[PDB]
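Below, in structure tokens: the form deposited without its partner chain, a single chain.
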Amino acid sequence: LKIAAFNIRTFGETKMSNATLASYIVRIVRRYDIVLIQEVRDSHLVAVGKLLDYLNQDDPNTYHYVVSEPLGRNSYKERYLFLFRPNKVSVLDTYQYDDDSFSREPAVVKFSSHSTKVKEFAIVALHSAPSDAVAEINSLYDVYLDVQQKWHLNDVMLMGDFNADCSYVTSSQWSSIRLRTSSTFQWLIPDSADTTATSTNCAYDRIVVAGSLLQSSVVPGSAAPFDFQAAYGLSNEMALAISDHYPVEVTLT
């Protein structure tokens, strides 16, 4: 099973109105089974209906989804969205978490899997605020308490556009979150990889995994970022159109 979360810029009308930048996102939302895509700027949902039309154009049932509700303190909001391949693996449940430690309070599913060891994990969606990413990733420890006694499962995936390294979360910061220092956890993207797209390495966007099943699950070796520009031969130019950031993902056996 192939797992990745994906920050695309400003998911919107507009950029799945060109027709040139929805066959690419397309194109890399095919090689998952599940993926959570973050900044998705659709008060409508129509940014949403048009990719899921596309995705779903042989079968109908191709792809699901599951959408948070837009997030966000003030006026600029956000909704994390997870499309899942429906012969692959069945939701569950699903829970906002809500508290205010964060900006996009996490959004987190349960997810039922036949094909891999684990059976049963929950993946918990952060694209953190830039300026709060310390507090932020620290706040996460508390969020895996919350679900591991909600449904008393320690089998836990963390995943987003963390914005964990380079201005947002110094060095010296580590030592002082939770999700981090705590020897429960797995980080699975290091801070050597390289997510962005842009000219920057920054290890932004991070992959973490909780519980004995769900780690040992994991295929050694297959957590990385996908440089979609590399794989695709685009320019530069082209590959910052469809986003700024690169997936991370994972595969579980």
The other form holds:
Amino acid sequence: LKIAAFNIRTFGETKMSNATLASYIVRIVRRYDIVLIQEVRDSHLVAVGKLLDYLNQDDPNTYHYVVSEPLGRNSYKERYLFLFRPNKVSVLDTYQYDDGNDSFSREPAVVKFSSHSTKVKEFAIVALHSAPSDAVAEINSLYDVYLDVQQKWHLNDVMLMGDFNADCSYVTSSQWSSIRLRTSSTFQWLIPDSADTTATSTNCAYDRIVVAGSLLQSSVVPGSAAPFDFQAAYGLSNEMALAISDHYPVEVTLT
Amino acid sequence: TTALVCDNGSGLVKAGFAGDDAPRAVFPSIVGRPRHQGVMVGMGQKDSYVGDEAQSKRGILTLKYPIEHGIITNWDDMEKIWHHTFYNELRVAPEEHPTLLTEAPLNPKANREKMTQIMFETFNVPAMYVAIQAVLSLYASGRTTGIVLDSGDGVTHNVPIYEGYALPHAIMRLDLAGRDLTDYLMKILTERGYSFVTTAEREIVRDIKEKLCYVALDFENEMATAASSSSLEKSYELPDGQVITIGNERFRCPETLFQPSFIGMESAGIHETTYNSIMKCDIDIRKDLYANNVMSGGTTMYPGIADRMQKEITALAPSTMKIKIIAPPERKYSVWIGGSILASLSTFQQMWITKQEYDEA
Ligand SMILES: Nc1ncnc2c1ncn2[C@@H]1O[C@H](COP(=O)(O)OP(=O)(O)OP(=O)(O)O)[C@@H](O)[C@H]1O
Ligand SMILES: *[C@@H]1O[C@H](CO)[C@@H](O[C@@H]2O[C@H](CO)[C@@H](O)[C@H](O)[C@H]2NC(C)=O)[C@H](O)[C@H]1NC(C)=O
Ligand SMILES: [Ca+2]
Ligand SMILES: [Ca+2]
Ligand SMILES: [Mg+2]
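Please supply the corresponding structure for the form deposited with its partner chain bound (the preceding block corresponds to the form deposited without its partner chain).
What follows is the whole complex; the chain from before opens it.
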């Protein structure tokens, strides 16, 4: 089972209407059994529908979706979009964290999957694209989101993932001690602080995959979690690379 | 016991309670079903969306318009629209309310019978009535004789009415109305150098149409005025905050009603179809039709339109004929208002078809 989280810079109609860029996004999505797409700026779901048209052109059930409404504190809004292959996994349940805009600018989408191909049978994925200027507080808050999932679904097997902005000027070395999601031994951080998850010339581990729960942690293929450098993978110029996104997907495989 | 009034159009449903002065619910006449399998976060799989939610989620839907040129053509989707109207928009139980529905000029009898069957058998309404849209608009203006120009999102009709009787031999239909004007505005703004094509850009163009367009009294003089000065330019601030300027597009767009050739249609304009309709009527009622031209419908809302109609009909009519165009400020809803007045009359209460009558017939 391959799972990814991918911030696609200004994912929307203009980008999906570009045949070249659309093809690259489709190629990347197709790598995964579950993928979380962030920075969806798609007022009428038109770009989401176009992506699904391409993905499902041959077999109409290649991918199914879970999508949020537009989220944000002000006029700038983004959706979370999960795409998944229904033959690999099934969505059992979904919700939007609300305890919401008090704790997150984009309230996390939470999806429960069942998964018969892997050691873990049911697990949740929590999505977050944090506000960079609030990254410490928002990542620390995911600890409370975790407790919520536990309480709601009596479930300890939870993956938290997305563009957490978790490095560089947004989270410095001394600030990790302020983040319960990092300080708690409950969580394994699969994308290390050393990784580069930006397609641009910065060297930042902004994008992250965190796992909680015995079974889930044991399903992870050790060493499989990493950024997917699509510029290298596809032999792209840096300019073509950045036209796709300023971030790489971060991925992980379950066995 | 309060009657409901539902005025179903090609583009918009206008629905509400009889005796109210405006419809409570106005929303697009659209049903959309998802093209792919998935859910909105925290929701179950939906079979379809109706109205505003269908428009705002349209990118992952296939949209259907159950009403075409004012006539109901998809009964399954029309049922969904009515269900949404009763349960979601008005939040009433339909078996508790007599219901007035409206229909287009020249609606086939079989269509009216199907509307009636669905209301009684599917929705279990206790009574109902079907009225002709143009007759309701006339009634709302306080007249029983006159000629109605009704122009909405999908169709424009001229309907002469004599002592409350719409004369079907003289009704004219023009398949050009608001949706065509919006598309033409999009086209000519695009020719100017702007870029308006997406779903969202069409939404903005519809707004520009409704806020800045107007009908020139003398189109060729207005074109010359627009060329010689900036006096007819108007600014419009887009959602993102950038301001654009629109000039002769403001009056070229609704000019299409008088010159359908602007969108490649070979048809007479609305002034000509008005005249032609009056000329199909007995000469002895024409004086009364010319003095009582009532405009109805969203697409008659353009500033200038009444003056330009008065001018063009004066040019066609006998030179001593008294010509009057009546264009009520609330005329985008005047069909619905006429229905609201009628359904709220104690006088009217014996015109309802009851379920008992429907059971006996
Ligand atoms: N102020 C305005 N100026 C110009 N056009 C307008 C205005 N307000 C509404 N419209 C147009 O009116 C149309 C809707 O009017 P209406 O509700 O009478 O139509 P309908 O009943 O849905 O359609 P039809 O009567 O053709 O079946 C839309 O095209 C809308 O953009
Ligand atoms: C789709 O996106 C590509 C990549 O951004 C666009 O290519 C750029 O734009 C023009 C193409 O003529 C070039 O001058 C740039 O150098 C291109 N960048 C790269 C990296 O090739 C392309 O134009 C877009 N296609 C369409 C039709 O919009
Ligand atoms: Ca980098
Ligand atoms: Ca109408
Ligand atoms: Mg680093």
